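This document starts with one chain, in the form deposited in one PDB entry, laid out as structure tokens.
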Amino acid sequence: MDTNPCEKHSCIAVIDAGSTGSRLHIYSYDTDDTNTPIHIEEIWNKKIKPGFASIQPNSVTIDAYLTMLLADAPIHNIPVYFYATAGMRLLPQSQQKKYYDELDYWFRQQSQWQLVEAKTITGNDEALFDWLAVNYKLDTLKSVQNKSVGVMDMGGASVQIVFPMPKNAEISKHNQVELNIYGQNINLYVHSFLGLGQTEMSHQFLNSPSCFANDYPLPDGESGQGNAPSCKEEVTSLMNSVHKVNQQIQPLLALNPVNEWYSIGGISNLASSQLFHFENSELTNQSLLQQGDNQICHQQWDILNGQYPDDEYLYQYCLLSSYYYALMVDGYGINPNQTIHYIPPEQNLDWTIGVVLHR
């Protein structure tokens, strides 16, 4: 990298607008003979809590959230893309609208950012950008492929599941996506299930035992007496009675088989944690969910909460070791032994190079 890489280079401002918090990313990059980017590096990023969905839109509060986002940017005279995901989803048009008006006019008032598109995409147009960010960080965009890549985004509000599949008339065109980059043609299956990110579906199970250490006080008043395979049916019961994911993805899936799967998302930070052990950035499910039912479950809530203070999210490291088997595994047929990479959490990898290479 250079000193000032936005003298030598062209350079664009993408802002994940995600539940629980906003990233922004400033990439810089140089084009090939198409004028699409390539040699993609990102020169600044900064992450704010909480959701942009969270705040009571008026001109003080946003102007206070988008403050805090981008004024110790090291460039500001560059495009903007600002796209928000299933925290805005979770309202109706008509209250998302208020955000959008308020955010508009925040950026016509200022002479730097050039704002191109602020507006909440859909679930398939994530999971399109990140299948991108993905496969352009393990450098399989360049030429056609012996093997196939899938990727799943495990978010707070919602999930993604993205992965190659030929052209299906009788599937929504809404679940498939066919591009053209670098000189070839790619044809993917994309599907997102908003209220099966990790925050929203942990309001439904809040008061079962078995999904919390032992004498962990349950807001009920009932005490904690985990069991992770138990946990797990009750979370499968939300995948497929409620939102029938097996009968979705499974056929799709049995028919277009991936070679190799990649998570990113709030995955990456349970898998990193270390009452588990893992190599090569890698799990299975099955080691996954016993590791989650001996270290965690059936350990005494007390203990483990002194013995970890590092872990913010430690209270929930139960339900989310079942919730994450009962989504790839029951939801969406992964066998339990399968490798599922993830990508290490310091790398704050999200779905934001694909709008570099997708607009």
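Residue numbers count along the first chain shown, from 1. For the two forms, the rigid core is made up of the largest set of C-alpha atoms that agree within 1.5 Å on superposition. First, how it differs from the form deposited in another entry.
The Cα position of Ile343 differs by less than 2 Å between these two forms after fitting on the rigid core.
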Given for the second form:
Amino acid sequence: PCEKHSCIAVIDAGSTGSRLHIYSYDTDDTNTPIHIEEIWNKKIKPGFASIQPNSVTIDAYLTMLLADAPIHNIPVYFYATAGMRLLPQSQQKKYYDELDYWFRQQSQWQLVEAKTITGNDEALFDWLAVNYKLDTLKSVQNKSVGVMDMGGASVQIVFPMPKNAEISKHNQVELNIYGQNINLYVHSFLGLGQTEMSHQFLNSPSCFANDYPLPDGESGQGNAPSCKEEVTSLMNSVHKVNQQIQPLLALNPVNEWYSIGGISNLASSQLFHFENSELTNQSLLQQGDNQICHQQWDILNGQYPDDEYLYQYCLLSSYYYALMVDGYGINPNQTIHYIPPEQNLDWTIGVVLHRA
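Now the other one: the form deposited in another entry, given that the block above is the form deposited in one PDB entry.
There are no partners or other molecules in what follows, just the one chain.
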């Protein structure tokens, strides 16, 4: 396949593991990739930031990730995300030093770049990946498409916005895709991903089902509106999500919202019911409140003993609402599309489009 087409490997070194994607593609007369096809996909655990940065450990890890790969001599991008951003730069440097050394010795993998990408770059790739799959990149669009990525340690938001001298250059991207100039606003909130966020609310009774045992000895007494208010304080009083994002969405309205990441998992669980891979925040909060927050934990756990994430669904439904409604200012009745978890839609497609 890499015989008659171009090929690229992109490694997503994420929070819970690393995923190797190998893509074939052709290039059109705008110097933009087309016919992007994933020819190989392998995931290993644990996350890169959770292993020791030495030559023995890195070799085992990278050998495991790449060894069976049926396609050999191709350029590689190794991109780590928020899990690595949480580590001191001096600690990150150890990983990248070892990784450069490992790839040098491999005559079959040509390492182009290995780095911890910013949340802003991640947001750019998120937007490219979704829009590529919706087939909205090829021609100048009537409608504005926004993407929200709901990650473990960070969340990203990205939408079209003309160049603005009053906004940090770090929050703005310019790119040309299929011959058209695009200007995007990008933002990442490090610490507001669901795992990192959750560590501030583990002892909040309003955020767990009735009688759920909290770490410090109290009991769950769930109430989604109360939990949502607690989470909103982290969003707005600490991160100032509302102050930063709402003015920009007011002035640069989004016609269609697409969400990727954790929300797709929650919405696709047996506890929530949504049609057409779409939800509204109003519905999400109401369902979380009724089906989890105000249930008895023992009864709930007995009906669904196989979902290890169930216990968190009161907090998560409250958190998504706090983020989208209280943070981003999205109307509770606004349709939000979520990309089905089973779908071969991954942010690494954006790396192909932008960097291949």
